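In the block that follows, a single chain appears as structure tokens, in the form solved without the named molecule.
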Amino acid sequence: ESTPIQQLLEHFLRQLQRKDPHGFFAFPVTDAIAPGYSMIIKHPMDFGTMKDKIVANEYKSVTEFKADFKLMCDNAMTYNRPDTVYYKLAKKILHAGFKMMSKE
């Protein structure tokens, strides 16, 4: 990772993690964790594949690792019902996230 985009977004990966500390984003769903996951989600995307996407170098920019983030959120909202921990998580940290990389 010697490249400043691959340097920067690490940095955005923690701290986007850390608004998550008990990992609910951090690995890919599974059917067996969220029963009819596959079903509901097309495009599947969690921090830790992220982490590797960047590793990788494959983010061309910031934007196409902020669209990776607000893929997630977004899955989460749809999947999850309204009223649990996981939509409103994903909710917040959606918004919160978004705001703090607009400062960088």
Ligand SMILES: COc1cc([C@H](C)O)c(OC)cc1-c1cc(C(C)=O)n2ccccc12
Given for the second form:
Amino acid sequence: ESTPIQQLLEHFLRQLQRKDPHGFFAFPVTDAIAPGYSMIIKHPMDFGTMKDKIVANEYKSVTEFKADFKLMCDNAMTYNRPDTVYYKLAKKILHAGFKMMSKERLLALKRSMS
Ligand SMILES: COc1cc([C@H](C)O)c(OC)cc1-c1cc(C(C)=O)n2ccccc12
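Mind giving me the form solved in complex with the named molecule, seeing as the form solved without the named molecule was just shown?
Whole complex next, starting from this chain.
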């Protein structure tokens, strides 16, 4: 049975995943496909890793989940040059996700749950 934090973060996760219809953030980037990746990016992150943390009930807060989401986007904006599809999408998704997960929207949602 889903815990309250699992419900909440799964909700956000699925909203965020719909901003990425080609699945460029669905699973991890690797050196095989992105030369130098693990030398440049210390803490890699992707929606699939976030999903496993939720399914495992390993998140302690919405803050932590937001910190992973931001990590994923910051990694994409660090590794990839401004000119690329991945940089530009990371930027839209980042802006979109912080709006979707604002304090007020989170407050409205937590009130209606329990
Ligand atoms: C690893 O995520 C990707 C997945 C796919 C397909 C949908 O499987 C993909 O196809 C063009 C690209 C990426 C991908 C994602 C990223 C990112 C997010 O940095 N990236 C950087 C350099 C080269 C590829 C990628």
